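Please put together the full structure from these sequences, using the hints given.
There are 2 protein chains.
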Amino acid sequence: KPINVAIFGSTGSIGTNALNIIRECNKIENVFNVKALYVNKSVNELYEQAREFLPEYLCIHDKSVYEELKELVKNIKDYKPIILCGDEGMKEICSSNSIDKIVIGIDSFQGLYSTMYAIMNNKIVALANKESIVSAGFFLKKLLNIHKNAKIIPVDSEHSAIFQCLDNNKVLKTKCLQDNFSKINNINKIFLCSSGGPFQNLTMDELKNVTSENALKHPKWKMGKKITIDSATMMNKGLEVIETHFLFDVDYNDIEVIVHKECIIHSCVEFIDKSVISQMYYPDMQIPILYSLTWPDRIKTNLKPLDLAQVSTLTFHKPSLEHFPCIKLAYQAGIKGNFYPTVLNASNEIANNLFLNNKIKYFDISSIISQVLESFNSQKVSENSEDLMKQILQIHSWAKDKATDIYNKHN
Amino acid sequence: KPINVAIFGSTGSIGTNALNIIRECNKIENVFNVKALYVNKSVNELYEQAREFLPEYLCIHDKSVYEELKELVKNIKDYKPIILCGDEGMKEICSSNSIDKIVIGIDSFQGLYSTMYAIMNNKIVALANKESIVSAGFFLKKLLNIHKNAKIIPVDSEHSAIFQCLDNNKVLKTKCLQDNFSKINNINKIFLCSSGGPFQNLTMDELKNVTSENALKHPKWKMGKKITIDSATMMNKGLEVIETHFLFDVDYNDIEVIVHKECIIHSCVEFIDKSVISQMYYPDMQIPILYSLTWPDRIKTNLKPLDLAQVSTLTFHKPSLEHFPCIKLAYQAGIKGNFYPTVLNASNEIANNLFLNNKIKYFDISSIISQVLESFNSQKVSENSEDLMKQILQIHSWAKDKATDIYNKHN
Ligand SMILES: O=C(CC[C@@H](c1ccccc1)P(=O)(O)O)N(O)CCc1ccccc1
Ligand SMILES: O=C(CC[C@@H](c1ccccc1)P(=O)(O)O)N(O)CCc1ccccc1
Ligand SMILES: [Ca+2]
Ligand SMILES: [Ca+2]
Ligand SMILES: [Ca+2]
Ligand SMILES: [Mn+2]
Ligand SMILES: [Mn+2]
Numbered sequence: 076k077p078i079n080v081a082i083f084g085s086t087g088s089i090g091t092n093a094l095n096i097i098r099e100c101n102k103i104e105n106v107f108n109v110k111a112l113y114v115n116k117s118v119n120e121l122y123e124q125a126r127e128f129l130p131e132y133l134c135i136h137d138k139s140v141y142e143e144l145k146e147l148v149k150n151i152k153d154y155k156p157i158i159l160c161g162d163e164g165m166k167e168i169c170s171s172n173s174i175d176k177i178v179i180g181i182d183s184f185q186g187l188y189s190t191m192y193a194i195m196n197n198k199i200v201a202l203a204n205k206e207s208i209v210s211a212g213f214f215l216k217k218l219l220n221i222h223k224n225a226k227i228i229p230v231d232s233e234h235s236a237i238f239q240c241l242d243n244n245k246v247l248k249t250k251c252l253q254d255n256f257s258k259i260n261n262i263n264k265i266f267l268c269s270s271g272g273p274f275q276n277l278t279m280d281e282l283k284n285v286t287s288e289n290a291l292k293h294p295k296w297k298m299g300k301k302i303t304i305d306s307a308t309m310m311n312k313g314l315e316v317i318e319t320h321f322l323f324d325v326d327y328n329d330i331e332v333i334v335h336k337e338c339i340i341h342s343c344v345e346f347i348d349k350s351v352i353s354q355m356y357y358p359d360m361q362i363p364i365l366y367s368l369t370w371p372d373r374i375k376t377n378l379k380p381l382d383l384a385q386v387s388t389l390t391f392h393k394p395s396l397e398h399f400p401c402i403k404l405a406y407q408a409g410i411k412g413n414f415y416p417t418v419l420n421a422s423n424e425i426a427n428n429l430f431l432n433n434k435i436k437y438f439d440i441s442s443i444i445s446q447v448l449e450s451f452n453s454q455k456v457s458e459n460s461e462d463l464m465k466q467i468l469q470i471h472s473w474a475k476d477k478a479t480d481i482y483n484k485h486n
Numbered sequence: 076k077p078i079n080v081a082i083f084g085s086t087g088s089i090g091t092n093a094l095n096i097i098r099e100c101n102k103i104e105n106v107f108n109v110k111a112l113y114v115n116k117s118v119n120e121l122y123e124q125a126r127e128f129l130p131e132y133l134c135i136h137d138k139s140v141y142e143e144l145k146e147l148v149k150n151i152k153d154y155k156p157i158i159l160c161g162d163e164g165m166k167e168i169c170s171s172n173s174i175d176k177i178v179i180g181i182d183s184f185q186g187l188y189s190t191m192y193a194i195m196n197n198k199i200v201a202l203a204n205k206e207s208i209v210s211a212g213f214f215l216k217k218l219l220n221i222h223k224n225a226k227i228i229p230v231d232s233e234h235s236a237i238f239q240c241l242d243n244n245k246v247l248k249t250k251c252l253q254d255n256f257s258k259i260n261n262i263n264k265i266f267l268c269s270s271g272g273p274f275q276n277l278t279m280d281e282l283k284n285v286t287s288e289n290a291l292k293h294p295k296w297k298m299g300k301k302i303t304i305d306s307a308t309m310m311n312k313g314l315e316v317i318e319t320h321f322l323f324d325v326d327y328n329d330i331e332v333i334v335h336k337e338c339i340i341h342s343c344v345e346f347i348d349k350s351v352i353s354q355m356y357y358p359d360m361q362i363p364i365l366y367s368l369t370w371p372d373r374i375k376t377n378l379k380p381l382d383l384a385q386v387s388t389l390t391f392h393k394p395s396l397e398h399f400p401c402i403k404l405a406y407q408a409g410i411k412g413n414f415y416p417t418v419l420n421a422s423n424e425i426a427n428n429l430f431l432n433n434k435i436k437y438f439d440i441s442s443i444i445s446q447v448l449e450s451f452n453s454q455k456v457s458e459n460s461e462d463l464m465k466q467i468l469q470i471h472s473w474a475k476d477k478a479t480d481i482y483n484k485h486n
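Protein chains in written order, with the deposited numbering: chain B, 76 to 486; chain A, 76 to 486.
Since the hints were derived computationally from the structure, they do not count as laboratory data. The beta-carbon is built from N, C-alpha and C at its ideal position, and this holds for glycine as well. There's no promise every hint is true.
Computed footprint of chain A on chain B; a stretch qualifies when at least three of its residues, placed anywhere within it, have a C-beta under 8 Å from a C-beta of chain A [to be verified]:
hint : segment
1    : 170 to 176
2    : 234 to 248
3    : 361 to 371
4    : 379 to 392
5    : 462 to 470
Some chain B residues well away from chain A (every beta-carbon gap over 12 Å; in silico) [what the hints assert, rightly or not]:
hint : residue
6    : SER88
7    : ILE262
8    : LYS292
9    : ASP324
10   : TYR356
11   : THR479
Put into structure tokens, the structure is as follows:
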């Protein structure tokens with residue numbers, strides 16, 4: 076009866092929000108069992124979570140703090156968790172019969188491999204790691220085809236919103252990342268809402284001068300550095316366009332980015348009859364996380380009710396692609412298909428980090444990514460699962476090195 | 076298999092919008108057969124419709140235009156329809172095996188009676204006559220418990236909006252007008268959007284002297300006189316609050332009226348997790364009517380797509396109960412329960428018509444209704460369906476007489 080959950084990335088933004096809503100839902104009844112907590116290397120933070128939630132499993136990727144973890148946990152009386160490390164620990168958790176649902180709140184390779192193991196073990200995977208979908212979308216679709224009882228449920232707020240706008244009577248007849256998903260759900264088009272980021276109202280002359288300190292400082296909503304920079308360039312939305320494509324089988328010409336600066340409407344679905352359904356709330360990750368764990372039901376929360384009269388005004392406009400060329404790059408990569416999304420994501424990782432570290436300017440971001448995309452030559456897609464995965468990782472590494480080489484030569 | 080449809084009140088607003096969307100949808104793919112048309116006495120427009128749609132059945136209320144319809148219909152080549160008359164024609168259409176869905180777009184006794192016959196024959200009934208739900212909701216609920224396979228689908232635009240926000244795998248475990256509909260659908264609260272009407276920004280002193288001409292002239296959206304006056308007083312919205320309560324079993328303290336002057340968001344549903352889902356489009360009756368005929372599926376239309384960036388701004392505010400006291404009266408009658416909603420509806424019918432005819436002032440509308448409500452005493456609710464219907468008719472008639480007497484006494 077309790078939903079048995081593992082959290083990958085339990086000290087990050089998604090992980091901490093997950094545990095916060097789980098704690099609230101478990102006050103009176105045992106709705107969820109927190110069976111496993113995994114982190115990259117935040118050993119002290121994981122220890123503190125273990126004290127509260129007492130999971131059966133604890134895992135740390137970084138083996139150099141494994142011994143520190145085991146020594147910290149000894150101080151917890153009559154608690155005997157299985158303490159694991161590295162990729163073998165990730166696989167053991169994903170394989171456990173005692174786990175039903177896995178929250179993926181970690182990025183990059185750990186996010187990809189944990190998503191893969193969860194699917195291979197026919198789990199429900201609540202995926203907040205958009206980069207895995209963008210970079211490895213065809214690989215995940217292939218895996219989902221083999222492991223027929225696995226399901227990806229989106230946690231990215233916009234994609235959660237879309238998923239919520241659908242009729243569960245039709246959702247239950249397909250699954251995310253399956254061909255024909257949009258046809259079965261009578262989807263015509265998606266409005267993909269965006270905050271627009273901190274630079275939304277700058278002129279082209281002002282935008283030329285922006286620095287990462289301008290994106291990061293005094294933010295309305297405090298988030299990780301990488302995603303803050305992607306929000307400022309709108310590459311975040313560009314990645315979310317490709318994520319939409321893959322999750323919901325929606326054609327690129329039917330995905331429309333809309334800037335909605337109040338961030339109440341989280342996204343909207345237009346059905347084939349031209350009726351539009353939208354999901355709305357305050358900016359929040361707890362509803363998306365909780366819904367991924369309860370779907371297809373909902374459960375009571377004590378979140379503050381939306382007060383629409385107090386919000387009072389909601390606005391919508393189209394983003395300028397001259398100001399936010401990263402959006403255009405993402406559409407171009409998505410439409411080209413093949414491994415261009417892998418290349419996009421990888422080259423962005425480098426450009427984003429160069430800008431974060433004050434090494435390049437705002438329009439150099441899109442210039443580097445564009446040059447790497449132009450340089451990439453299409454490859455035959457491996458039919459075999461493992462070969463395809465290796466192909467993705469090779470192309471990812473190539474794209475990163477190419478971006479770095481471009482920066483090095485114009486430096 | 077085609078969808079076989081009957082239209083009651085084919086020459087009215089609901090009726091013509093239904094024929095228009097059916098005609099347009101049919102150009103895309105043949106989904107709908109118009110099997111019966113019924114009108115009150117518009118025999119010339121009925122002839123024109125029968126030429127086009129060639130229904131098996133034609134029926135008119137008024138016997139004294141019966142012969143002329145027979146005669147007009149002779150001119151149509153190859154066409155031998157069953158031509159009927161009055162309440163008996165209505166029963167014959169509703170009991171036909173060749174009819175699956177019935178659109179009720181007529182008011183008053185004819186609306187209540189045709190709804191009743193449609194339910195008694197286990198049909199899907201697409202109901203636009205909100206006054207029958209408000210006045211005779213108890214009777215409808217009882218009938219729907221006796222005829223387990225009958226279903227009412229709402230066509231009133233805000234109620235259609237609500238119904239479209241739901242997951243049909245949950246809706247199919249219940250049906251509208253059933254106790255526990257909101258619990259099964261995990262509904263917490265409803266935002267019932269209003270246009271606010273033509274008097275929305277007037278002062279108390281301006282409202283003291285407004286006339287029916289001020290409500291009716293140069294309307295943003297042209298509708299019948301009665302509903303225009305109801306929109307002006309916001310009694311329309313109060314009736315729609317009671318409608319929401321009956322249709323969806325939502326408590327009155329969980330229904331919030333919000334003035335949304337752009338009329339794009341049609342209403343919103345807050346679930347128990349606090350996630351809010353809304354339906355949006357241009358102001359429109361075609362999507363509500365169409366959804367009632369396709370539910371639980373959707374079909375393709377060639378309606379104009381909503382352009383959110385062009386709409387640009389949506390606004391929301393609370394209505395002033397001091398300016399729109401009819402809203403308060405509707406809540407009070409709803410909360411009191413019993414037959415108070417029947418009394419509200421009947422007395423408003425009189426008060427609306429008095430104001431329309433320049434016999435009373437704006438604040439007299441609420442004053443008359445208030446005084447009628449105050450004079451009513453709660454009645455033992457008959458357990459028997461036939462007695463319950465007679466109680467509703469007698470209370471309706473009493474309430475109209477009472478409103479009339481209050482007018483004549485002060486006058
Ligand atoms: O993709 C994102 C972050 C970037 C987008 C965003 C930024 C700011 C507000 C909302 C959305 P942007 O549209 O700028 O790319 N989210 O899904 C997280 C949304 C969220 C949730 C709780 C609190 C704050 C933010
Ligand atoms: O209840 C109503 C009419 C009164 C409400 C209304 C008035 C004006 C715009 C929208 C709604 P009000 O909120 O003033 O009571 N509808 O369901 C009709 C909606 C509609 C459809 C197509 C074209 C115009 C209007
Ligand atoms: Ca160490
Ligand atoms: Ca839904
Ligand atoms: Ca299309
Ligand atoms: Mn997002
Ligand atoms: Mn309405």
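Status of the hints after comparison with the structure:
1. Residues of the segment 170 to 176 of chain B with a Cβ under 8 Å from some Cβ of chain A number 0, which does not satisfy the need for three, so the listed coverage is violated.
2. A stretch counts as covered by a chain when three or more of its residues have a beta carbon under 8 Å from one of that chain; for the segment 234 to 248 of chain B and chain A the count is 7, and the coverage holds.
3. Interface restraint, the segment 361 to 371 of chain B with chain A: holds (5 residues with C-beta to C-beta distance below 8 Å; minimum three).
4. Counting residues of the segment 379 to 392 of chain B whose beta-carbon sits less than 8 Å from any beta-carbon of chain A gives 12, enough to reach three: the coverage restraint holds.
5. With a cut-off of 8 Å between beta carbons, the segment 462 to 470 of chain B has 0 residues touching chain A; three or more are needed, and the interface restraint is violated.
6. Consistency note on B:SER88: stated as away from chain A, and its beta-carbon is indeed over 12 Å from all of that chain's, at 19 Å minimum.
7. At roughly 10 Å, the least C-beta separation between B:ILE262 and chain A is not larger than 12 Å, which violates its mark as non-interface.
8. Residue-level check passed: B:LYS292 sits 30 Å from the nearest beta carbon of chain A, beyond 12 Å.
9. Listed as a non-interface residue, B:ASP324 keeps its Cβ farther than 12 Å from every Cβ of chain A; the least gap is roughly 17 Å.
10. A Cβ of chain A approaches the Cβ of B:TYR356 within 12 Å, the least distance being about 6 Å, so the stated non-interface status is violated.
11. Consistency note on B:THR479: stated as away from chain A, and its beta-carbon is indeed over 12 Å from all of that chain's, at 38 Å minimum.
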